[PDB]
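First, one chain by itself: the form solved without the named molecule, in structure tokens.
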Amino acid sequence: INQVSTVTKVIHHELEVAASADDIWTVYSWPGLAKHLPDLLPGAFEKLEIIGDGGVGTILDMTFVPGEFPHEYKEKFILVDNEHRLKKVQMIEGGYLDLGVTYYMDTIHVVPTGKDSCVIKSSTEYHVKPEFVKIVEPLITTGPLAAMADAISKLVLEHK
């Protein structure tokens, strides 16, 4: 058996942030982040189960409150690269994998732009069977990338 042909899609999001790349990367790579995601994204989760210490290889099983699609998926931290401030997170079970998608990968790259500024360059690459393209296209957006970037940016910048 050969696995079916697929089409590749890549979507991109950028956020300019008035803090250093080191400051922003500190949050994206904090091993404690996974377990504190419900603080970071209030009311988003029905359930969150973490297997691992928060570093590379950690698996997160995320269940969302009703009215969200997806309702549940597992993700894994594939890369947490300190030298390039590059994080990769793969959807490994559930979510869009139950809607004709065979590969789904989020990449976040925190790029310095000046002494106290950076840009958070977030992207999603997915591979989708051709008859599911029109069905998944409106569902897979930069929304979740933006939500994370916005929440991290605000955590670093704001002063309660």
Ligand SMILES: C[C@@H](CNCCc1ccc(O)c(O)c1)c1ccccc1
Contents of the next structure:
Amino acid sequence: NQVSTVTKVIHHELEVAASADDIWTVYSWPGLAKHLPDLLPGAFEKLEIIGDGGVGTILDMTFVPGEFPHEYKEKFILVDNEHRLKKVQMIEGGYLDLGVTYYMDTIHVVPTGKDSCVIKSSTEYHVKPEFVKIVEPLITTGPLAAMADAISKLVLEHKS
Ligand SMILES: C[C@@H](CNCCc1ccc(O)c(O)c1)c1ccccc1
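And the form deposited with the named molecule bound, for comparison with the form solved without the named molecule?
Now the full complex is given, and it begins with the chain already shown.
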């Protein structure tokens, strides 16, 4: 037969003193992609956007030297305004070159009051069992936390 692939999930939250709608509005903004290096000081050696920024857009990203991974492409695969849920898939390169067969980020912006919310970020991946110990330490909440940190700051400042 084949040995089962292994599934791993990691999770990150950031509480934010702004409406779920204000935060959701930036995460789902088709204009965000182009602005990513404005939101992340460096990190990008290169960023090519294929598509209009909306769902179906492919981002091809090269990272400054050292940074693992160095290169990968990501695709915006779902926007759900009713749930404030967005999904972004890693589609080529990156961890897919280290025995990972599926890598999906989900962001869910959840109201905590009239004027507060929590950004729930998760990554789910499927990995060949002999590669689990290799990738386990490489795949972290770092990138989701960095996205939530930048968007949180942008929105709180746009309204202070
Ligand atoms: C590329 C990002 C994480 N993925 C970001 C995907 C995305 C694009 C456009 C969006 O409007 C959005 O909500 C998510 C990243 C961060 C730090 C370090 C490395 C990568």
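Residue numbers count along the first chain shown, from 1. Rigid core: the largest C-alpha set superposing within 1.5 Å between the two forms. Shifts are known only where both forms have a C-alpha.
- In sequence order, 2 to 5, 158 to 160 are the runs of at least 3 residues present in both forms whose Cα atoms shift by 2 Å or more between these two forms once the core is superposed.
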